[PDB]
Every structure is written in structure tokens, then in C-alpha cells.
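Here the complex is missing a single protein chain, while all its other protein chains stay put.
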Amino acid sequence: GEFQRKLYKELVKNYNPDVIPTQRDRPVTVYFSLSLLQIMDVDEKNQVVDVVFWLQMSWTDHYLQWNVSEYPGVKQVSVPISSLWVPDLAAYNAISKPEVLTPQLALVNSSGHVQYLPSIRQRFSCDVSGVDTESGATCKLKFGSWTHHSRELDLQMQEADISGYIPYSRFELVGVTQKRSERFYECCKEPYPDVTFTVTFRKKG
Amino acid sequence: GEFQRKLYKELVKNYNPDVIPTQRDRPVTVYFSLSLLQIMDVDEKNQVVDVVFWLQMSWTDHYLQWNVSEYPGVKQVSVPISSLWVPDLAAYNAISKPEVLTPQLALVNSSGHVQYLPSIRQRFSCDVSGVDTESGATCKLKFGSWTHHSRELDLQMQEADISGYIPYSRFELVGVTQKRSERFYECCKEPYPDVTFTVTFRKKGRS
Amino acid sequence: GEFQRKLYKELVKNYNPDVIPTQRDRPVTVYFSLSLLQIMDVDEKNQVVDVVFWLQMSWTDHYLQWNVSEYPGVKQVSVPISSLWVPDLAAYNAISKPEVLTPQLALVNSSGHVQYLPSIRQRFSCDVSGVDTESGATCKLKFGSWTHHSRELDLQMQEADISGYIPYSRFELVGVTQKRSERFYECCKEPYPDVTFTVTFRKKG
Amino acid sequence: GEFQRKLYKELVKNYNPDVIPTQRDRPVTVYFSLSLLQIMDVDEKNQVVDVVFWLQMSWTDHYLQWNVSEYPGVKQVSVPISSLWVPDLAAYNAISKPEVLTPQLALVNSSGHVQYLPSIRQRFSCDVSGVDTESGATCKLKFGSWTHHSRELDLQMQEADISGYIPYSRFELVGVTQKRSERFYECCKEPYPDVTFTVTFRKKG
Partner (left out) sequence: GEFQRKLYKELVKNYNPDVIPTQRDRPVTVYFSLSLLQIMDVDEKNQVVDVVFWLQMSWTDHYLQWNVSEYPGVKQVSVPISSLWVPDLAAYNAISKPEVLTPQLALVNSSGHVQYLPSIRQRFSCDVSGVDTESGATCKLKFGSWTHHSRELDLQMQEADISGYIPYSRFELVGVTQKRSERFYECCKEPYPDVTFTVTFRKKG
């Protein structure tokens, strides 16, 4: 679209994706949620889980807003994530780099709401010893900004989803939990939030 | 080519590959087809299919058209996909990133008709438990735009081809189905069209 | 050289590697030949060959020619392949991306005749069932331009031999064939030339 | 911040990441600590350890300092490591390239103090023969600047915490040591500082 074209030239003009879009004394609040789609495998020897997650991440980038009157038809845009600031979310218990399965694009509202919803396959460190028991194995997968404290990036949880879980596969879900936390670290003087996704699973039969 | 050199400079001038080439209240209709070339392997433990396919994809980019009078000989061009807008097609049941086996180039017509025909090797999540049975295993491989709804990107099926299927290999094809749908998500108004490629296969030696 | 440095500045000035260097109603004729250096492995289950090839591709780019009088010493130069137009040759039966083992450089004449001679390791789909037989297994490895027809890119064979073949290794060569063909597709009024490298091999003893 | 863009624009237009930020006859002192998070696996045949480390690297880069008057709110910034000079630390006994698990960003103070804290998964050459013994296997993992001598880059150790060690897993820690040294090479006559991380571990039971 010619109205869409005219906007991308502006949404680029003075945009630096390395800059966290904080506004005078206010953190960027980032909404976060993980959905376990499939437990691919477990390594009982090496103590690891091979898992496929759907991530729901949303925030506001004030540098990404536009007047819908200036660009009529343009309600939303699909922007490549490389073109924009994305939260520096770390998987604290990941033992492999993330494999992003879905197109690396984000949707952007006229008010600057960024929605990045990737499917990630990753391997995590976990005590899988009790996978063959009724109690099952429990993985506490922790995620959070690696470099931004609470006053810069406010991590918040959003409504989760266990409808996406693959019905076939050796593993059945005993329980799933998501909890947001905040702690002070001896290092920093400033606090840091995190979201912990907790899974309890077991081998079927 | 000489006019070809002059055209590539212009076909770049004001082109943004991140912009969907929709024209005033009309979606971009993308034609899509998938041809199963070979089922590489199955993981009965992990419930996965390793598959090779030929993707037939095409659309009209109204920003890519040119006057053949301005560029005589130039009927078509081989453009790298990275230089142009391509549909953001997601493999909904993929459990590995796609491995593109062919050159990453697209053929473009004087009227903006782009044809991207890659060979992809990818691993998908599938219930392969019945692979050793006469009924066989069935994989419902779903594909569609990740960010564009039906009124921005109109996914359409084109006539598919099962002549490309490798005659050797452990697996024989019981049946192949192609269906286009429009799914509504709780998230949003406006539906999301998808093409589901359904395969029924079985081990040749299952006796 | 101080002419070589100036030559590279000019050989870049108005050069687009995305443009096929066809000149007025004439296709670019590309000379091609494969030499099987080693059959690494066979997967009898998955029906695949892991092979190491030496490719000899050579063509003439008219935009790359220069006056030797303008650049005295400069007879030839080593240009990175990424800097120049290379034929879009596809391995039709490849089931893995090519692993290029040699430096990614091509040699270029004062008349613009380019020579690209890489060693590639690639995995191909092949009926390897008869590898343990006296008749042996036969692989018909097809190669050709993915996007250019006969009137744009004229694929031509160069006679290759089998002197490069590794003498050790489980596999002995029963026969090697190379044939150039021209195929028509329902799509296109103009045909697509290809070179098929055919191997017949068997496990030793 | 509005000044964050100002900051990133100038600390891009004038900063050369290739330049070691030494200031006149004074080396850059780099603080270094390694924390063993998990021993993933051991290869008794090939004599290798697959390990997950948390690295703590800090130094002062004088080219990255600013007064707060220059960038009002701006106290710190998350800069991509590719934008900065980072110590050229080599893992002398690594037999695989490092897999960096965390976002590749570093924190910079207004007084030029850089903090790079990556989680790395890497495979190292080690004599793992005694892993099944009470004495256990000992890995002497050596790290240091590959190209900078003592008078350019002053490697210094910091206090390492073994609090991060994964409680589950086949391997228990008998002992962990860190020693900084300065070696002489026949090449140079200026010494090369290094930190050797020594682990003694054994299979549980």
C-alpha cells in the first residue's frame, strides 16, 4: 500500500532498534506468556528437556505510533523484528541457542503496540530423573531481561494457554504454572523481574 | 542484459520488501501448492516426519511491473528473494527451521508476477504411530501467513503435483489431500486463511 | 599491484552481481563438469549418498573485461564469488545444502572469462539398495539453472575423467556418465538445459 | 531516553570497536571470572568435557565515558557487543566454537565501565579417564587474550561463586580453582597473561 509505504519510510527515519523505548522516568512494560506445544525429548543422562514453546510478547514503543488520519487505511503493519527494539529476554536455564520456527515478524498498532508471537524450539537443563514416576519430572524454566532492571523494563505476565499441547507424544502434562517474580541482586542496587514457567510431566504408560 | 541493468536499478529505487503490495482495499492473492518429493525419515519415538518438498508459490506485486517498451528485450528477471516482498508463510507444525535446497531466486514478469519455487527440507510434528499398518500414518501439515489476515493476504491453492514423489524409499503414499480454510482466532476479528497438506503413508515392508 | 587496486575499484563501479551478463540476443554459455572425489557414506534406510565433488564451472562475463594497456601487470585477478554474477545452478536431487570446502574465490581473465572451481560436499537422494551387489547402485545426479532457460544461460559440458577419485574407501566405481539435456516444463515456452552425472558404485569385496 | 538516541548516534559515528582502549603506556585491566553451571557430558574415548559456564567480564573503556550533563537521564546503556571493543579472550583448550546462550549485549556505565556476562556452552579437551574414581578427573581450562600482551591487556581474576552449580546431574564437584599467570613465549619477550580454571569432578556414587 502507498499509504503503508509512506509510513515505513517515517517508522525508519530516526529509529534505532538498540534503544529501549522508555519515556521520561517510566519503564517499558512488557507482557509475556509461554505455551508448551510439545515436549520433544528428555535426556535422562545429561538432565535436559527438548521443548517447543509458543511465546506471546507484547509492549509499547512510543516511537512506533502514528496518526491514522495521516495514513488512512493503515491500522497495523508487519515489521521484521530486526528493524525494531525487542526485549532482551534470556532463558536462564537454556543449554542450547533458540531455534525460531515462525517468520521473524511483529505486528504494530497505530498506538505503537508491538506483538511478537514466535514458536521457539530450545533445550533446557532440567532434573528429568522422575519422568517414569507418577509424581513425574518438574522443570522450573526461568526467563527475564538480561541487561534491563525493573525501572527500565517491567516484565508482566499475560493470560497463558494449555490448549496448544500436542495430544500424541510419550509425555502427559501433570501440571503447568507461570509465576512472575522480582528480586534484588547483590550486584545491582536495582531490582530485576522474571517469569518462571514450571512443568510437571511424565511418560505415558 | 543492458536494459536489464537499467531495470534492476529502478526495481530497487523506491522498493521496500517489508511492505505487502496491497492495492487500495484489495488483498494480495498468493497462489500456493506443495509437492511431496520424499519422506526422508520418521521418528516413532519423538513423533516427527522428515520431509522434502517442492513449494510452488506465486503472487502479483504491482510495484514490480515495468513498460516492456522502456526495456525492450526484458520479458522476465531472476531476482534474489531478499530483494523483494515474499509472503510470510509459516509451517504451523514444523519442529525445525526450513532447509532451502535450491538457489534463493524468484522469476518476475513485466506485469509484477513473481514465481518463487523452492525445494525445502523440514521436520514436522506428526502422529507416525500407524506407519507399519495398512491404514498408515496421517500427517496434517498446516501452512499460512503468520501476520496477515484474509483481507491483506488471500491464500489460494493451485493444482498440486504427485508425479515428483521418489519411487524408491521405504514409504509408499496411501493418499494426499490439499484443503484451504479460513480460521478465526480468539485474539482478533478477521480470519486467517491456511492450506493444510494431508499425507497418508506407510512402510513398504510392514509384513 | 597499484593497477590491481584501481582495477577492483572500476570492476565494482557499475557492477550488479544479480544481472546475468547476456549480450544482445546471445545466452551466456556456461561450461560445467563434476568430478567425484569420494563417496563418503550411503544411507540404505533413507536412500541417500554423501558425496564430495569437484566442480569446474566457467563462463564469460563481458562487464568484467578490461584493457591490459590501462592496467599493465594485471593479466588475471581472484575475485570473491559474492562480488560477481555466478550461474544459479541447482542440484535437483540434493537433500542437504552444499558444504563448500575450498576458498569462495573465482579467477578472472582480461577478457572477463570467469573460472569457479569449488569442492562441494553434499547429500543426494539416490536408490542405494543395490550397493552390495556386483551390478551396484546407480545415482542419477541432475544439475541445472533454476531460473534461466536455454536462451539466457546455455549450459555446456566439459569432458571430466575420474583421476580425482580416492583410491581407499569402501566404494569402487563401476561406471561414471555425464550427459547434457534440454527439458521443457508446462510453465515455460523456452526450455531448461541440465547436466546429469550418473554413478554406478559398489561396496568393495 | 531522548538522549539515549543522541548517545547511541555519537557512540556509533566516532567509536572504533577494533581499538583496545589503552591510555598512554597503561594497559586495559580486564576483570574475569568463570562459574561452572553444569558439566553436560564427558567423552572418555575422545577425551573431552561438554560444559556450561557463566562468564563475568568487566573493563573500563575511556572512549565510552560521558558526563550526565551530556545525556541527562542516561545512567547506563545496553550496547550490542559487536558495537564495542571486547577483550579477545581465547579458550586455549576448546575443541568446539563457543555457543553463547544469553543475549549478546553488554552494560556500559557513564564512567565507561563495561560488563559482559555471557553464558557459554563449549566443549574442551580434557583427560577425563579418572571420572569414575574417587580422585576424579581434573580439567585445567586455560583462557587469555590471543593477541594482547600484559602491557596492553591486564587480565585480572575476580571472586568466583560455585553457587550456580546444578545440584542434579551425574557429576559432583571435588574441587574448583582459578589461578592467574603470565607466560613467556619465545616469539615475543612481553608476557601473555592467562587465567586457568581447574575442575575436579566425578560420577556420583
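Order of writing sets the labels: A, B, C and D. Residues in every chain begin at 1.
The rule we apply is simple: a residue touches a chain if its C-beta (ideal position, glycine included) is under 8 Å from a C-beta of that chain, and two chains touch if they have at least 3 such contacts.
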| item | value |
| --- | --- |
| Among D:34, D:42, D:91 or D:131, the residue in touch with the chain that has been omitted | D:91 |
| Among D:65, D:115 or D:125, residue touching the chain not depicted | D:125 |
| Among D:121, D:148, D:170 or D:202, residue touching the chain not depicted | D:148 |
| Contact set of chain D toward the excluded chain (per top definition) | 16, 18-25, 45-47, 88-91, 94-97, 125, 127, 129, 146-148 |
| Hidden partner interface residues of chain C, rising order | 1-2, 4-5, 8-9, 37-38, 40-41, 52, 73, 78-80, 83, 99-103, 105-107, 117, 121, 166, 168-170 |
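Simple rule for what comes next: only the chains that are shown with their structure count from here on.
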| item | value |
| --- | --- |
| CA centroid of chain B to CA centroid of chain D, Å | 44 |
| Interchain centroid distance [CA atoms averaged], chain A/chain D, Å | 27 |
| Residue list for chain A, restricted to those that touch at least two other chains | none |
